[PDB]
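Here we start with a single chain on its own, the form deposited in one PDB entry, put down as structure tokens.
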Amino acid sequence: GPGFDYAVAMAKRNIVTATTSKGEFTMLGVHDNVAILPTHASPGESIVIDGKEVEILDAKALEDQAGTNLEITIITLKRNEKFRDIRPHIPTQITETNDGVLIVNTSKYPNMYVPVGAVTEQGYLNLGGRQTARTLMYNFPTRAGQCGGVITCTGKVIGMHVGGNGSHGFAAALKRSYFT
């Protein structure tokens, strides 16, 4: 109900903690039983969501038209649980903002909000030996525990944190077409 933005309402149901062999990540539910995670989280046949082991029915790694990695993996879960449909709040185009907020939800940082400032288009990035397209950057001392963090601005969900270099944080841009 109360919440400085749409973000607060969505967060309670759609932002959960996911555990794969590579550790804890923040994960974003998009609609129904469909969620997203950074491709490098590498979920196997199942994943532990908020303490509960759940089976993955499908895991689609996204790439652009040229075959470049987007670093977003869409996973379809085997579970009656249903996320709110946030798609109407995902822009149809890569989106910058002067006032972004990063939302992280892990056991080390439960339901935490952090205004990060300007979020602008970085474009191609070398993400751990792999070329990644459509990235965004923000000036925030990135560290462990933020992978999967969601990036929002007033009424919109615009990126997902996928890496960072000491002074900057990088995210994959979200676009609506990826989910329809």
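Positions refer to the first chain, counted from 1. Whichever C-alpha set is largest while still superposing within 1.5 Å between the two forms counts as the rigid core. Compared with the form deposited in another entry:
- Rigid-core fit between the two forms: of 128, 155, 115, 44, the one residue whose Cα shifts 2 angstroms or more is 128.
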Contents of the next structure:
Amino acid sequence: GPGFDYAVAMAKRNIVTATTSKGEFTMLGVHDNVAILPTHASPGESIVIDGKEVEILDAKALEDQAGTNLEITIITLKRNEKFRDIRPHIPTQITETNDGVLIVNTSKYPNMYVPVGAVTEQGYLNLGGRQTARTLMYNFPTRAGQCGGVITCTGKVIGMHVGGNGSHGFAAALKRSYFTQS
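Hand over the structure of the form deposited in another entry; the form deposited in one PDB entry is what we had up.
If you are looking for partners or other molecules, they are not here, because only the chain is given.
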């Protein structure tokens, strides 16, 4: 109810569908001209956003102080439109919740809200060599181009879906320090 209303608000205001080389993805707008996507979406020099080609200025793929990939990429965009600033809503520390909502917004999964329940910290996800840090985990039957989906609990955006399997989703946690000071 309040958890849900938040998720809907966030989708309206700050979530868009973005197309790359690699396909459509849910993308979060964070502030100004800055937005995040799964690193594996592999954004180029431009990205389509709700019909429109948009020039990508910078593209930063996040790693930890060890150079392990966090599976998130920040992109600054050549655009006039500004996003509602949601840095206050992104926690300073990796956050868990008993009542997660996953938000997905593509042509396949438009404006789709999935309460996944418990989102727990698992830290190091070591699959193959392809290790990753700061992951979250939740029960969700994952397919494909749910990638980019956003995890909420009330007032907070805590995560970004980047992975999964038959029974579980994997997100990259969000920390306010990933963006500029306020």
